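Asker: Here are the chains, one letter per residue:
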Amino acid sequence: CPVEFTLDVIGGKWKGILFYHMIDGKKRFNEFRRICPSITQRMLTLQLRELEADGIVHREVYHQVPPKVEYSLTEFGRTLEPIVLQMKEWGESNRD
Amino acid sequence: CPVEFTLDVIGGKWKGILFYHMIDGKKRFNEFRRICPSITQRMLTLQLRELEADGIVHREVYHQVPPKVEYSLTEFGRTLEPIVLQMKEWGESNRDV
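So the sequence lines, in the order shown, correspond to chains A and B. Residue numbers for the first sequence follow the authors' numbering, beginning at 14 and rising by one. Residue numbers for the second sequence follow the authors' numbering, beginning at 14 and rising by one.
Hints listed in this document are in silico derivations from the structure and should not be mistaken for laboratory results. Be a bit skeptical, because a hint or two may be false.
To be verified - The list that follows gives simulated cross-link-like pairs (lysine-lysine, BS3-like), each with its CA atoms no further than 25 angstroms apart:
hint, chain 1, residue 1, chain 2, residue 2
1, B, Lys26, A, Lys26
2, B, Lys40, A, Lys101
3, B, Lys26, B, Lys40
4, B, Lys101, B, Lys39
Said to hold, decoys possible - With beta-carbon atoms standing in for the labels, derived distance ranges:
hint, chain 1, residue 1, chain 2, residue 2, range
5, B, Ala66, A, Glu94, 28 to 34 angstroms
6, A, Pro50, B, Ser51, 32 to 38 angstroms
7, A, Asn107, B, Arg72, 19 to 25 angstroms
8, A, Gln54, B, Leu59, 25 to 31 angstroms
9, B, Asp109, A, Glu94, 14 to 20 angstroms
10, A, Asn43, B, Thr87, 38 to 44 angstroms
11, A, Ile48, B, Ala66, 27 to 33 angstroms
12, A, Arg46, B, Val78, 56 to 62 angstroms
13, B, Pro79, A, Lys39, 56 to 62 angstroms
14, A, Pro79, B, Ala66, 34 to 40 angstroms
15, A, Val74, B, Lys39, 50 to 56 angstroms
16, B, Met56, A, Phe89, 27 to 33 angstroms
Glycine residues also receive a C-beta, built at the ideal position from the N, C-alpha and C atoms.
Hey, can you work out the whole structure from these sequences and the hints?
Answerer: Next comes the structure, spelled out in structure tokens:
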């Protein structure tokens, strides 16, 4: 049940994928849609809201016209990295 | 989307917990309810059915009276272990709540 804490935060279909893409740099909303396009505009937001609410992701709004929102991994969120990278390495090995 | 494969298999609220408890040995249904009791009889079954369907968990029926069903991690299911153990180590370090 201490694994639960982590799984709430990072478990769940998408959280892992989203997170993975921010590892190598910040990302706008629409960059996520191009990547794993199966996700609905709604769902994407819910995840990013949750990740953000758990202090994993940092949402930054840029004072410009039009305004520009960019997402990126907080320092804390980075501590989930090793896990997430291992999730990736395993999914790759074990394809069928 | 290669993290997806893994997350289908092992992501989701419970799969990780359930799994964790089979690491150190097989378990009956009711042993799971006592552990993280928040799960409904129904949900527990769906997870175990799915884990089992994904070849992670092995369900074994014992020829006895009454009969006794015991769950355990297949050899394959063990390959997700490191991940799960790390999920644990992180949730322990980073205790907020």
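Asker: Tell me the numbers of any earlier hints that the structure contravenes, in ascending order.
Answerer: Of the numbered hints, 2 and 14 do not hold.
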